[PDB]
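What you see is the complex with one protein chain gone and the rest in place.
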Amino acid sequence: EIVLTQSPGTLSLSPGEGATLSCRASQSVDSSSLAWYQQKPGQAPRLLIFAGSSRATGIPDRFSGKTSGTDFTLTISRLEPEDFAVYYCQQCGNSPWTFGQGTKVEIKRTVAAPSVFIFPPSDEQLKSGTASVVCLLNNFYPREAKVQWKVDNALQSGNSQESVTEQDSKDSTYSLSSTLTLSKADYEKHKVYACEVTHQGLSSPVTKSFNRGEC
Amino acid sequence: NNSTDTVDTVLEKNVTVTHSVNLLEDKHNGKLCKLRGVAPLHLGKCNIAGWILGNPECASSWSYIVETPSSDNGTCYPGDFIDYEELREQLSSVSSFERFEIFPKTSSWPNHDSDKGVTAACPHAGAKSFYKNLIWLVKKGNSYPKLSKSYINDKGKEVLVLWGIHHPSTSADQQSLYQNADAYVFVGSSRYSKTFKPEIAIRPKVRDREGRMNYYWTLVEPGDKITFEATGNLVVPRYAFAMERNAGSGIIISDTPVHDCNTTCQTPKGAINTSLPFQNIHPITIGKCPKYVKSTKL
Amino acid sequence: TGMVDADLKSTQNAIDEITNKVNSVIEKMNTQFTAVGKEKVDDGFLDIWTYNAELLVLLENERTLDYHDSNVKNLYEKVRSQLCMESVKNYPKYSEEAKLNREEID
Partner (left out) sequence: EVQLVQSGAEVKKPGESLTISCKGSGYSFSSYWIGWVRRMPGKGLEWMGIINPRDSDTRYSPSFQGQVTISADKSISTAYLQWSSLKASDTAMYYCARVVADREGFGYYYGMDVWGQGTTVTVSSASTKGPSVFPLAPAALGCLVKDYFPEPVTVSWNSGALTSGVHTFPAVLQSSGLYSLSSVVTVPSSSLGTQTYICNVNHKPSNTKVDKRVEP
């Protein structure tokens, strides 16, 4: 496989700035075999540049393709709100055809600290025998953050499952939801449950705890 | 006074006359006889264009060129043959003919790919072929440098040189065949001088090809040099034709047969062997021929 | 009508004048076709020359028959101006004989 390694991992740009995306191949491939694709969340991919430099069927003047040596570039002059998506490169020379890593183009904004909240398990869920605790991290920037579930100082791993929403359309902020799946038998043994949140927006890595039953 | 011979005047028509001679020849054979011994060049299921370009679907000495009207086998790759009618006019009068490797496929093109210049639009025995007399030059592994081969006429005869200009359908096709997006072509002779650039546009699939190839030609006088400057799109010559022009030679477009007979005068309708100064058979004539007239008798 | 052989010098100069008029009219048509080098397209010219070639034939035939007619009258006028048989072909010898036959008849 002709390993395509895209640079950077993610591009943080303000709507109006100029984007420059790199795609460095393992070995030298033909320029005419290279193509650039744009994938929007919950949408099929779109062809932007085909044959390395040729602009696709119904694509604006801002999108352009460049190649020299092994570098391969996708340059946009004006980043319109529509342009903020995941960008992929692809080679069609030596089979198998390989796709790049993928660089997400995000709306640049001020560092936003998360709105951290802890949710106790429902009393209806207690009737089943397996109850889960959630550590919601509402509206923050950048997506780059980490949650550590603390069950009576003892940091728990494995039982926790994480999920994240894409960049917000209105305020360009991400949100996290960590679910702590546990049995009722192990739940009665302990009493205080917390989640340590570590982010760029935070001055100190704050932790938010809850006491069992009592308010 | 016995003869019933009849002559006509300005005033009265059909007057009986004793001593009178004819001028018009109406009788002829349906055969296309060899002129003064030498056999003609018949191109069945082929036209002059196909024969002269070297179309794979298709003799040095001839008296005249024959072409079937039904024959459409010429440009396998779609395009436009420039001054084709003008080429027929020049090829009308042709005695001798030497086909020679002007720019041989082996040596001549070393910084270019000559072997990949084949397409399905031009087949031969199922295989993707091309015109034998000209090479489709493409980039030698993502590098098409400015080529500049030049031929100097040493043959002493008029040298006919044919070449093509490939117009790729998509911009990407230009970048994959020649890589040089702004590619040019130039053909310099003492009599000929023209610069070319590709007309990149998707056209209808004529012989299932979106692109086109224009076919250009020139004659090079003995001693004169023909230069070929290109950075892409040129379909370089392989074989050229050093020819000696005759006088009484032409082109007949007729479906009439051709036999081993000899003739002094030849028409598309058939051959004529007469001492008469006028003929009402056919306006197109080859050799010592009685000037055509539309009259019944003279 | 029955004769197939006649004065030789008269017919000899006629045959010669005819054969020369024939070679000249063929020349006059051939030079006229070349002259009609005024260039449906080629058919336009074709109709022109074909009538001009026919015209010269109808015209030179009118001149040939009028030429023969003029020689017949001039041969009779040679005999009539002179007035055994070879002397006329090539009046004072028979002038005295004629007066004896003119007086007995008138």
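Per-chain residue numbering starts at 1, and chain names A, B and C are given in the order in which the chains are listed.
In this text, a contact is a pair of C-beta atoms (placed from the backbone, for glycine too) under 8 Å apart; a residue touches a chain by one contact, two chains touch by 3 or more.
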The omitted chain touches A, B
Touch assignment to the omitted chain, from A:51, A:74, A:145 or A:194, lands on A:51
Contacting the left-out chain: of A:27, A:115, A:183 or A:200, that is A:115
The listed residue (A:161, A:183 or A:211) that touches the chain absent from the view is A:161
Cross-chain touch to the chain not pictured, restricted to B:169, B:246 or B:295, is B:169
Answer key for B:119, B:180, B:214 or B:267 versus the chain not shown reads B:119
Note that chain B touches the chain not displayed via residues 116, 119-120, 128, 168-170, 172-173, 176-177, 202, 209-211
Touch rule applied to chain A and the missing chain gives residues 30, 32-35, 37, 44-47, 50-51, 54, 56-57, 88, 90, 92, 95-102, 115, 117, 119-122, 124-125, 128, 132, 134, 136, 138-139, 161-165, 175, 177, 179, 181
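Note that in this section only the chains that are shown with their structure count from here on.
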Chain A and chain C have mean C-alpha positions lying a whole-number Å distance apart equal to 119
When centres are defined as mean Cα positions, the distance from chain A to chain B in whole Å is 68
Averaging C-alpha coordinates per chain, one finds the centres of chain B and chain C separated by a number of Å equal to 54
Per the touch rule above, chain B residues touching chain C in the complex are 1, 7-11, 15, 17, 19, 21, 23, 277-278, 283, 291-295, 298
Chain B partner, complex, touching residues on chain A are 30-32, 50-54
Per the touch rule, the chain C residues reaching chain B in their complex are 1, 18, 22, 26, 29-30, 33, 42, 46-47, 49-50, 53-55, 57-59, 61-62, 65
